[PDB]
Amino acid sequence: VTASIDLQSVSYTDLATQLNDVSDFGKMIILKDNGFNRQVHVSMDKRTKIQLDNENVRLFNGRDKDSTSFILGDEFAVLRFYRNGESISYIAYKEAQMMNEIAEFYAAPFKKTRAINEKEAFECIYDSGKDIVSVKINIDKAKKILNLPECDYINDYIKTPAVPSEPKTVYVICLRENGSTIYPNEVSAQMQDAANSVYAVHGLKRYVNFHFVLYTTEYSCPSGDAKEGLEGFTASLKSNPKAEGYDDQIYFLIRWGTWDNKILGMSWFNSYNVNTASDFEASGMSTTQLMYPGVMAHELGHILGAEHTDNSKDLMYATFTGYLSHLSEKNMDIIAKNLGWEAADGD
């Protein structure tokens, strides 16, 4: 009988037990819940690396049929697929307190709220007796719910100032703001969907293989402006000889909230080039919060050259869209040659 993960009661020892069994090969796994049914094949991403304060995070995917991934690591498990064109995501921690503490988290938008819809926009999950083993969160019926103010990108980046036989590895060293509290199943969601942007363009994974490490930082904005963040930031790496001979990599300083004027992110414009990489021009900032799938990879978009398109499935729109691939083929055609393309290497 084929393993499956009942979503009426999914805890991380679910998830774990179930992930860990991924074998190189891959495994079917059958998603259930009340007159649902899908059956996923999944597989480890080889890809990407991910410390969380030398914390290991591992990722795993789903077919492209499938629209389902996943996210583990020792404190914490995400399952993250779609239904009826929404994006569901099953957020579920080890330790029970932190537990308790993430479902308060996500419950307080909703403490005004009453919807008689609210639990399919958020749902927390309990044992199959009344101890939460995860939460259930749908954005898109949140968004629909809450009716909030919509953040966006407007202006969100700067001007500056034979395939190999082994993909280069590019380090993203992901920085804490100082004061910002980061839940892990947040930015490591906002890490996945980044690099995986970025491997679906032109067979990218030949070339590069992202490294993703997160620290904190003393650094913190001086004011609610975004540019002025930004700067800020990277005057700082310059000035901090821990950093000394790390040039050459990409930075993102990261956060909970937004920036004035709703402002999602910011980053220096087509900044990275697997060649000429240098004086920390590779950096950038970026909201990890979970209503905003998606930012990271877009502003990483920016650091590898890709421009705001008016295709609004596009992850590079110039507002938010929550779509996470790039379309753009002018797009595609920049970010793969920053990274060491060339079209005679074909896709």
Contents of the next structure:
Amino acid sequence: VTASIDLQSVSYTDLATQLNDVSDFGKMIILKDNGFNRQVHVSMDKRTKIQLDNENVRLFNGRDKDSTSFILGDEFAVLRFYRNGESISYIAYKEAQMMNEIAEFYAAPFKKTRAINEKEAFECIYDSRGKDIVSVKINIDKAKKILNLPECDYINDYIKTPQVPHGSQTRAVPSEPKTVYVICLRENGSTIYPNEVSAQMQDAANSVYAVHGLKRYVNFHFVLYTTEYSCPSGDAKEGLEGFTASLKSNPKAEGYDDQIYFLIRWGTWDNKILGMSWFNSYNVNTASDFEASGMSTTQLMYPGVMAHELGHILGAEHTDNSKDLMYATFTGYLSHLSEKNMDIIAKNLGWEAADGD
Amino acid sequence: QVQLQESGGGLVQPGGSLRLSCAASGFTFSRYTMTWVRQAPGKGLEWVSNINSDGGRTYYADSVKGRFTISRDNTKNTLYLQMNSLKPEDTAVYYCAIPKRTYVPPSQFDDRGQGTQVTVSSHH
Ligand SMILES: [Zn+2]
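Can I get the form deposited with the partner chain bound as well, since the one above is the form solved without the partner chain?
Now the complete complex, all chains and molecules, led by this one.
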């Protein structure tokens, strides 16, 4: 009777049929694999909206400790969850040829290696009964062990500016959350795939909502357009300074100088910097002049980079806790653990301790 | 193997209409972006139109926009090209094809049908 997804054959149409049937009451879906059966209570994520170039994208949550979640666009679907400590993504595109493109893309780093356990890290999933690829499974923890690439990091990934003077606006919980747009611009000459950008956006918004019950204060609305801007060199600081300047000469962006902006690319910057941000540059009461802007990679192997940079924009410092999203080297963790950072972030979104969690 | 078979070609006078059909088998048609291309004698292969898996998105060469309509029936595994307001320069063999990628205009294809001839005469 209960709906299920067979991970040995999961396709775009499987994911779309199951997730489109999720009502406001939620729905139990069993994830099945060889000797694996996880019952997941799936709900629509109504906190976040996403428009990419070509599609509206909807998000879905489980309520489990292994944070099962889904992404559903018109063109693609993602299932992500943790299993035995490691994050696993199932990525399924609707058009067979773009699925073929995506599979080739993700298979390419493993071409050199002939690892005996390759399928643990990367596997093409074939249509149920030459078969076609209908999804790919990626375990980035096992992939990192196999590929053994040099680590990218965040050292010196922000620009700090003289601290704002204090100037009595604080209020209780608003009757509705404030809508904050996160306007993402695909860097000129960059190829971004929708599963990769959407995952970063989901992780970014969710890193904020997990703090001080902030969905009462903010609902993020992501929008992705193309920009003619590209960073003039590999310098990240220079790149951001030029990006912020490019927002001021975009006649389309007039009227939205009080929103949050990211320049996104697939790759990284010089010294293997993953992103860049203006530090403590967004406050709900004062946001202006495109100051809440930053840059972020979108590659699947670096989850949470845009969350990390959004943390900086909202005032979060690096921490010494290697389990924190805000650690200065890349950890793959996705949650704020610093109480000081949590208080700073929430205060910039209008929360005060009197309001509770 | 992939099999594609075009039909519906013929000779018309300028201003005429034709409807091309392409019967597909050997692959899961309903999952694939599909393409019409055409080739005039001694000329390069010219992209005509794309349609995505479910028919919700269509794309056209500038020279055929407003005159040609691509469509598909995923239950009958058939691709269509409705050709109105035909002109002499539409004369060519027309092929339905699986493009290697979804980007437009495609120039690289995985398989093609054997083709159907479309001729539009001229008298000026
Ligand atoms: Zn940082």
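For the two forms, the rigid core is made up of the largest set of C-alpha atoms that agree within 1.5 Å on superposition. Residue numbers count along the first chain shown, from 1.
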Point to revise | Residue among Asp66, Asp33, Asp279, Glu307 with C-alpha shift of 2 Å or more between the two forms, core superposed | key: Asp66
